[PDB]
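The structure appears right after this line, and notes come after that.
Selected chains only, in their assembly positions.
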Amino acid sequence: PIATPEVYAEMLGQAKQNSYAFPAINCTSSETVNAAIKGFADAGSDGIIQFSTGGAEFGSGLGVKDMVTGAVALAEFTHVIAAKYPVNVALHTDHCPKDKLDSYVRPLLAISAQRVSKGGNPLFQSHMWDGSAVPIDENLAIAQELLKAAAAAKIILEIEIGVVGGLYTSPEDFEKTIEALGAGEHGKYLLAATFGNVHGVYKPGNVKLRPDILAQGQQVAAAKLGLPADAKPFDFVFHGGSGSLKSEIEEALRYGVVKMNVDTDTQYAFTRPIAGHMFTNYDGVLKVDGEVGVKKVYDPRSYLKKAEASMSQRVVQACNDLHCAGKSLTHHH
Amino acid sequence: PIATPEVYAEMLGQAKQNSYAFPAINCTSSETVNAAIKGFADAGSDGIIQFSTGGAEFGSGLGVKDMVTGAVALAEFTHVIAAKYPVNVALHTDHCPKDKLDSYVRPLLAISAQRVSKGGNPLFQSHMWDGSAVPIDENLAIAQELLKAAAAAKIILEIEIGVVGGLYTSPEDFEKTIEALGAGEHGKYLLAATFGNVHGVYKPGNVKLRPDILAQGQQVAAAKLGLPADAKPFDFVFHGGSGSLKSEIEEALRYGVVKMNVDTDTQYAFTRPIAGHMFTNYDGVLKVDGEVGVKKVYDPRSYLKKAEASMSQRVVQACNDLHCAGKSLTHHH
């Protein structure tokens, strides 16, 4: 099913308590949503499907190019599909900067607020406010008001301090975050504290992650809140998960990462069999030498099924890397 | 917008009165729905989006493989998208044989009946009962009861007499159809009377259409109903529209075809630029010689945008071939 707000909060609480995380898979279409959910199910895992501003625009079609329309249309599709799977699927929106709040996150929040006010559940279960490009005090001022609105609509807010490339979060930024927002008692929030994360996939030695930054952030927060030195007040989000080393993922989990974003690696997994299909069927997908091609290989389903299955396999890998495989809160073993 | 039942009936009535038709485009995904609607809009045309049993299964994902789920999920997606376009978009389900009625058309009819009963409109605006594989009397017995159910849910029923290859309808089949169902006064129905139609795309000289069969059917019905010899009591559906000659389409329109199904040709249009993208970007969509590929070309949006635009262009062509271009009932000129 779609995760209810209660189930999603329980998911994140269980992940945090047990030092595992969920994949948050960027999707752009019916096929990619289907691939992501089948991946979670095949892994016996709960999971998160997320739409970026660009993914939502793409989802709305070239004739519309509207983020809200694409996100709503894909979310409505996902609600129907997720009802047919035993695992819990949460819907999220990815990076929304200041100049897009009025045309993405705010209108979507309003849609969920009206669903709530009629006794229903929100359309999305979390939204990202990415204020990393503005000064920390402005970022957290916007965050504080968005958190109030999100919590009232039964929605978790993700925020970002530090910039994701494709830098490293400061100790005072961690302190300000706890001061402005508390530690969940004013509404749950997820913190994308950057620690050398880069969007994309590069050769080894390029990306230089420093997970100790997350460890330091937990200690700074714990001290601020008068908690024991081993407390983990933040629920962290790991951006740019694709291409990461196993050892890097493990250390991040130990310091309270509960959500790792995946996009590039699932993109490659989706496209790879499509590429192979076109080459081995070159004289079927092209009308060559006066021939009329071969419908059974230019039928989009023929290669998109393969794309879907391949992307699902990569999502299974993500669930095993993040140690959420076999841990769905529905307990279908 | 999505066509209301009233708008759809007006669409079909206007097409019939003016000897034009609408394309009915088989879709399987968010991208193909988007491509079809943008095609209608670019042509200033109303149009029909249809889901086959296989398309619906595909739409539901490999983890579900359920026709109702796929059709509902894609229909809900389409409702959100179509609201953002000035033209009217009707939703239809394609060939449903006897052994699939209980798992496709009937449950979908029930969903729409419950929407109606609450003061709303049906989810789909037409459904196809394909009884061509059973004897004519059984076909029309099922048709009569389905027509009553469809009409009560504000839905138009498409039926088929004769088999689509990939044969030719008999005069007594036309007579029985009018006798069993009337001429619209017991609920509007569309008649796929086959006249040599074949699903697929072949070289010229293979497919042998006989449009005079449709002309004969109108005359047989007109005589049965005591109407003038030039009356056209049937609203015909032209299956297997892809690969057809212009001259063949024109003659069919003259005899009362109001809906022409397109699938194969839009499949080729969708896939063609994807094939081209994979070849010209071979070293970006594949990780070759120890390199890591190029994310900006293995991002599914990069080639799927091209696929969408190409399929839209083919849909524009269909609207101009069928003479519905520039005739949308919203009159946005």
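When the chains are written out, they are named A and B in that same order, and each has its own residue count from 1.
We take it that contacts are C-beta pairs under 8 Å (C-beta built on N, C-alpha and C of every residue); 3 or more make two chains touch, one makes a residue touch a chain.
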Homomeric complex, total chain copies (2 given): 4
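In the analysis below, only the chains that are shown with their structure count from here on.
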Equivalent-chain rotation between subunit B and subunit A, CA atoms, steps of 5 degrees: 180
Between subunit A and subunit B, centroid-to-centroid distance (C-alpha), Å: 36
Parts of subunit B lying in touch with subunit A, wherever the complex brings them together: 28-35, 37-38, 41-42, 54-55, 58-64, 66, 69, 72-74, 76-77, 79-81, 84-85, 200-203, 264, 267-268, 270-272, 274-275, 278-279, 282, 285-287, 292-293, 295, 298-301, 303-305, 307-309, 312
